[PDB]
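Colleague: These are the residues of each chain, in order.
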Amino acid sequence: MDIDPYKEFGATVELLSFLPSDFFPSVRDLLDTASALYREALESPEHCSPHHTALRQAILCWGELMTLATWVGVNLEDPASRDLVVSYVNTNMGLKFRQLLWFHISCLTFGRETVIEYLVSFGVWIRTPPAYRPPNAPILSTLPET
Amino acid sequence: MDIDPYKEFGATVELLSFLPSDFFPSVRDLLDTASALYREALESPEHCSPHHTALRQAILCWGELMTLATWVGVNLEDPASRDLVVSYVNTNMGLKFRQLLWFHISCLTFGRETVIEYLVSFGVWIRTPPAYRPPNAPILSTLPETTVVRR
Amino acid sequence: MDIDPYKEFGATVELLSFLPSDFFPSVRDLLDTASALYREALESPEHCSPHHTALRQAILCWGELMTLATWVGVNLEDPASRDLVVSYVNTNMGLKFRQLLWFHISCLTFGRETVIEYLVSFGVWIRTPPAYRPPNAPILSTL
Amino acid sequence: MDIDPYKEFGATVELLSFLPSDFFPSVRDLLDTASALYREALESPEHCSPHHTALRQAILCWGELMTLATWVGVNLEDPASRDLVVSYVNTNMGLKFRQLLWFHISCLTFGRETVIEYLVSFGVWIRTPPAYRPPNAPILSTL
Amino acid sequence: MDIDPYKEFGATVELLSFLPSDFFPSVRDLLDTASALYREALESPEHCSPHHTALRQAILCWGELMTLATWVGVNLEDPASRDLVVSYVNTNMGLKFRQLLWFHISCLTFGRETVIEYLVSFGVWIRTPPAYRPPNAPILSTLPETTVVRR
Amino acid sequence: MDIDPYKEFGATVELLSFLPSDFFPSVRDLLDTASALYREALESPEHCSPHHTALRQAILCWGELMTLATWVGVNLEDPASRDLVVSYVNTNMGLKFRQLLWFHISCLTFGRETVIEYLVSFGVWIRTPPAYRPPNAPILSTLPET
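Residue numbers (the entry's author numbering), protein chains in the order written: chain C, 1 to 146; chain B, 1 to 151; chain A, 1 to 143; chain A', 1 to 143; chain D, 1 to 151; chain C', 1 to 146. A prime marks a further copy of an entry chain.
Because the hints were derived from the structure by calculation, they are not lab data.
Be aware that a few hints might be false.
To be verified - Examples of chain D residues toward chain B, derived with CB under 10 Å:
1) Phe23
2) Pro25
3) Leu31
4) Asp32
5) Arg39
6) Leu42
7) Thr109
8) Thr128
9) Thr147
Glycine included, each C-beta is placed from N, C-alpha and C at the ideal position.
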């Protein structure tokens with residue numbers, strides 16, 4: 001079908017592409033963050049959020065992708081095609097997967113509407129010329145002010 | 001017909017004339033901003049606002065200009081004239097379209113009165129020689145001058 | 001973004017396609033009509049209507065296109081490429097621009113709904129084979 | 001002073017420009033129509049209407065012009081200059097005078113607003129290209 | 001008659017002398033600003049304010065001076081004296097006109113008391129020697145610089 | 001812009017041109033009259049009228065024009081162009097300046113509406129043939145009748 005995973009939460013693939021691709025963290029860092037913070041909740045029998053549900057699904061999808069990478073590295077003799085497919089998996093699919101993981105984790109942490117507003121503001125700040133914008137790049141924090 | 005596109009919305013050409021050419025982002029950046037923010041409203045059959053209407057019209061003009069640039073690059077085997085026309089289109093007319101798109105988008109985003117007050121203050125800042133003015137120009141943003149998002 | 005300009009006004013490119021391209025008046029005649037009727041309203045500092053807004057936008061766009069044509073005729077030495085560019089601007093782009101001007105002006109004048117029923121009725125009259133097509137084609141009026 | 005005569009009545013020179021010059025009837029036919037319909041009102045000692053006032057003024061102006069033509073034909077010996085002046089008076093000035101007479105008479109007859117919508121509708125019909133221009137052009141009536 | 005055009009409004013020539021002569025913008029930029037956001041009032045038949053009245057008078061004087069410059073460039077076959085007169089008019093006579101225009105425009109926009117206290121504060125900032133002079137100077141502005149607005 | 005200085009008071013350049021140009025007094029006489037009558041008010045920090053404001057502005061404009069004439073007479077060696085520019089300043093610009101000064105001073109003295117009515121009546125009297133008009137030319141006075 002024509003399914004946008006972000007629209008049920010209030011965003012779009014176009015909105016998450018409004019940001020650079022080099023901005024999103026690594027799949028490993030995102031998974032470590034998730035395991036550090038929301039592990040008990042993801043491993044629980046209760047849903048506890050659509051965010052939690054989608055996050056479980058994405059984590060398992062990426063685990064299957066890593067299993068595929070390993071099966072390739074083993075059963076494929078051609079080093080060219082081997083490394084080629086592995087690079088494809090790690091980069092092209094990893095980009096979307098870390099987009100999704102970042103979105104859901106940042107939502108759970110700070111706030112869904114907050115994350116959406118941050119997407120918009122950062123995508124505008126990056127396209128604004130430097131002299132006519134704030135110097136520091138936007139960022140999300142849970143550390144209150146004084 | 002002596003028409004000012006900004007007089008309808010309360011601004012004026014002489015008011016935006018003080019904005020340098022380096023202040024406006026690229027046409028592509030502005031179009032991406034619009035398509036990411038107000039796309040479902042621009043593609044909507046409802047007159048959401050005059051800003052939306054003018055934005056649609058400007059986007060379509062720019063699409064036709066891109067079509068023209070492509071047709072030129074194809075049908076003009078004279079590289080000199082071809083590149084010359086393409087540069088004119090992308091620079092001189094692109095400047096006006098950047099101006100217009102930026103005005104309408106910034107209005108939709110922040111507030112029309114806010115944008116107009118910002119333009120006034122920025123004209124004041126830019127008309128001043130550099131020595132007798134602060135180094136950093138005014139900034140229009142929904143964020144604080146410190147870019148941090150809690151909640 | 002695929003932005004149909006006539007969607008917010010209740011029509012579509014596929015709906016105006018009922019009209020041929022040779023049916024539309026000249027940009028000059030359309031602009032003369034506009035300047036004769038709605039000049040003071042287009043020069044006005046008010047959102048008189050969305051049609052007024054779009055009409056201002058289109059007029060300024062066409063003015064910039066004429067500026068382009070003149071700048072070309074001046075700064076370009078190759079007469080072949082010069083004439084090619086000028087003819088393209090005048091004909092191909094002018095087609096869409098007079099489509100738009102005609103639509104919005106006919107709206108202002110006769111009614112948006114009236115223009116829409118005119119479009120459908122002209123589509124009927126043109127789909128009609130010639131043997132049974134009446135000579136007097138549809139047209140707008142107020143009398 | 002730039003005094004548009006049709007402004008106080010709701011039209012403009014640019015609006016009547018929609019009408020060609022060969023479209024207007026002859027001064028003689030217009031005056032015959034006036035004398036057949038509104039003669040007793042124009043000879044009346046009352047401000048029947050601003051149209052009546054302007055019509056009286058125009059008729060007297062044209063009468064003085066005819067007097068000029070006759071005085072020329074009498075007192076001028078150079079037939080070249082005589083014919084030149086007479087032709088100029090009859091054609092160039094007669095054009096404006098029959099414009100004015102037609103406007104005011106059609107007002108009296110059918111309605112000022114009706115005349116205005118007629119002007120705009122005729123502008124449409126004439127901007128229309130011939131292939132899609134209906135043969136039957138707009139016209140005023142009461143039936 | 002000692003006619004200080006600024007004491008009618010609360011200032012003086014000596015109060016505006018705090019501002020250097022190179023601080024004032026161009027006559028053309030000032031005219032564009034006026035035409036942009038006070039014109040409908042300037043052309044009105046109503047006494048909007050003494051600022052408006054004095055501004056009308058100054059604009060008309062400057063228009064007549066431009067007329068004079070043109071008439072000179074036309075009727076003076078001596079290019080030397082021609083350019084001399086033209087440069088005098090453009091620079092020496094125009095300095096005072098742009099002083100006056102800046103004053104009245106800024107008083108119409110940001111207020112009169114604000115402009116006066118701004119003159120005072122800028123006089124302080126400029127009397128201050130450079131080693132102890134802050135980088136940023138007083139700059140008239142309704143908008144705070146880092147204005148992050150979310151809607 | 002398109003600015004008429006007389007319309008904010010209720011007159012026009014066309015209305016002040018409705019009178020002859022040889023009718024207006026000299027700039028010197030007008031300035032002497034102003035200094036004799038309204039000097040304290042023009043030198044005061046209070047506005048006291050739009051008339052007073054415009055009059056101050058015009059006086060200073062004419063002072064700058066005289067300064068220009070002097071600077072010319074000094075720095076210009078060519079006597080032809082020197083006298084030419086000086087005559088232009090004195091005559092062409094002086095005409096408008098004395099029109100303005102006369103208008104504002106007569107307003108302050110007698111009455112704005114009175115001055116307007118006088119403009120109209122005098123411009124009609126001058127164009128009327130002599131035999132069919134009053135013989136004496138109109139004039140403004142503050143001297144009441146008996």
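Colleague: If a hint holds in the structure, say so; if it doesn't, say that too.
Modeller: Verification of the supplied hints:
1. Against a cut-off of 10 Å between C-beta atoms, the interface hint on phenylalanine 23 of chain D holds, since the closest Cβ of chain B lies about 5 Å away.
2. With 10 Å as the threshold, the beta carbon of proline 25 of chain D comes within range of chain B, its nearest partner Cβ sitting at about 4 Å, so the hint holds.
3. Using the Cβ-Cβ criterion of 10 Å, the hint placing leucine 31 of chain D at the interface with chain B is satisfied: the shortest such distance is roughly 9 Å.
4. This hint holds: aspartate 32 of chain D has a C-beta 4 Å from the nearest C-beta of chain B, less than the 10 Å allowed.
5. With a cut of 10 Å, the hint placing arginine 39 of chain D at the interface with chain B holds, because the nearest CB-to-CB distance is about 9 Å.
6. Against a cut-off of 10 Å between C-beta atoms, the interface hint on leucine 42 of chain D is violated, since the closest Cβ of chain B lies about 14 Å away.
7. Restraint check, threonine 109 of chain D versus chain B: the minimum CB separation of about 7 Å is within 10 Å; hint holds.
8. Because the closest C-beta pair between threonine 128 of chain D and chain B is about 13 Å apart, greater than 10 Å, the hint is violated.
9. The interface hint given for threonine 147 of chain D is met, as the beta carbon of that residue sits about 6 Å from the closest beta carbon of chain B, less than 10 Å.
Going through the hint list in order, the structure does not satisfy hints 6, 8.
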